[PDB]
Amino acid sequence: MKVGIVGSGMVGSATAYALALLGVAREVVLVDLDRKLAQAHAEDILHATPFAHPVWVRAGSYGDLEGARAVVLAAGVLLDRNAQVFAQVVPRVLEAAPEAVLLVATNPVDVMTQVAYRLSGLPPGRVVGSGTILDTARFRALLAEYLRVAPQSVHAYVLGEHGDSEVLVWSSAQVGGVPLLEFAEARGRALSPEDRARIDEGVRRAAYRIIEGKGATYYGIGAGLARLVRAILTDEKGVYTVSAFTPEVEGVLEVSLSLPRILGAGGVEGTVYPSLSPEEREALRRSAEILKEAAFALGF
């Protein structure tokens, strides 16, 4: 299988790097306006492959994306300029890779997924935004540290906007099949309001802290996008909190935000409107209205 990445900056190349080491696809093609940059990243990642799996890593143009099952959109130059980028990029991608699933990372990722969606003319399940997939992973990693258990055992969700209005879903969170409060107690911890506030801050301000420390985030999302690409290429039928055009959510219509969804060869194949407290559900409504306004004020 062949995967494409348009926008070979830090996010795109980190994604290419994860795909290569984890052997997700037999072939990865990086596309970037800066052609020497794509080539440099491609060569560097190609050179990792003898340590891991056979992957034909290379740089190319949209034409080289032919037959790609998935193409990751991580291109950026504001929402004004970014939206103009996607106007250029999307139709060129689909020209070459008609049946590819689009995976959007470019921020603000919710609004950009909707732009990608309006431009593509494909079923909404075919245009997938990374959405809160990274926030969910952050929430899990932070509960993991707090509980000192493997994040792979923590099953917690972040929904709504990949941004400031995102909703941490505490009510239905579970660890190893056990409700979060009661697992925490067994572990010797109380999840006090103070503990919660601290974990909330940890997730909500995560990107800010990393940016101020090293200028950008890319390792986290690189891995999350590689994982979604894998979900798509293997027709995994796995559940992830990703963003996609949603007919309706809490009364808000035709908006893209993250809910738990089933990912497979067709992209999003199912959406779960899950179980939230009144507090969380209202937070999700407020989040959905934030994203709605933002997209309309741009015509998408």
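Positions refer to the first chain, counted from 1. Only residues modelled in both forms are compared. For clarity, a rigid core is taken as the largest C-alpha set superposing within 1.5 Å between two forms. Compared with the form deposited in another entry:
Shift analysis on the rigid core between these two forms singles out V178 from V178, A216, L122, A87 (C-alpha displacement of 2 Å or more). After superposition on the rigid core, displacement of the C-alpha of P151 between these two forms amounts to 2 Å or more. When the rigid core is held fixed, the Cα atom of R140 travels 2 angstroms or more between these two forms. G188 is among the residues whose C-alpha shifts by 2 Å or more between these two forms once the rigid core is aligned. Shifted regions between these two forms (3+ consecutive residues, every CA moving 2 Å or more on the core fit): 140-155, 174-190.
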Contents of the next structure:
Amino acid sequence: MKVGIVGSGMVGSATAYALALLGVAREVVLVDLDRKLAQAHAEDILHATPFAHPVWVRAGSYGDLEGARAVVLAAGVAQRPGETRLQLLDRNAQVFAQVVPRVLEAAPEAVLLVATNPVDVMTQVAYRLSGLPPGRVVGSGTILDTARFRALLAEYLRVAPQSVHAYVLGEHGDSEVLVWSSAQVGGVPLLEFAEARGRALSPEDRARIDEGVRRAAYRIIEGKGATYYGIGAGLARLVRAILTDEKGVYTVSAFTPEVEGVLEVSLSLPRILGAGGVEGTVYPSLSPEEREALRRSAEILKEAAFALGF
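Having seen the form deposited in one PDB entry, I'd like the form deposited in another entry now, please.
Chain alone follows, minus partners and molecules.
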């Protein structure tokens, strides 16, 4: 099976590196305006594959994305000195306007998996441009924050992460929501389970955890200039769900008819991911304050789509 990746900076290349080291697919195709950036990365990574799995990583054009069952969009541009947010956004919006049609031309039946930040808006942009059903365009969304939330929760409780069920919903960013209230451990309420043991989650712990989750990206960018390793592996996992038609549940961003009163916006909710993209939503119980933080996350996101016209 073939995976494509458009955009061969750190995020696209680390995604290819993850795909190869985990042996997710037999073929990975890097596509980038800078033909020879794509080539350098592809060849650097090919040097790694003998020490892991038989995986054919190459640089390529959109035509070489033929039969790709999933195409990662980590396209976009290197921000400029003094280039504002909204400015960079308009630029990436225009990159996608060129990327999406070309990808879908070579790989009509590919799920499009959007990585480019801000991921929720770029997801909505690629959805509108694709002219596809909304399930076929999936954004990586909050998956790393969700998993980080699970990890920190599992740690404090002393149980396996895979026993912890817990979400981060909404915008991938400042307004994301940690769903404390219907989080579970082995199928039962989490806060309550904690309590029945050593100590219930304290105010200090909750916000130490909230800060562990919420300001991770800021810490990373502050210290090294950008995040890419984390999302590389998260994208690989999603690619894996798509190629194997897993139908696992992931907090990914997609176009959603309505949420908490807000209409036609892309954001992360728990969704079932398979060979054709997201194929069902799993809406969990929310508390009134989580519900309200979500409406609010949706609206922020809706307004950012307005400013781009999508």
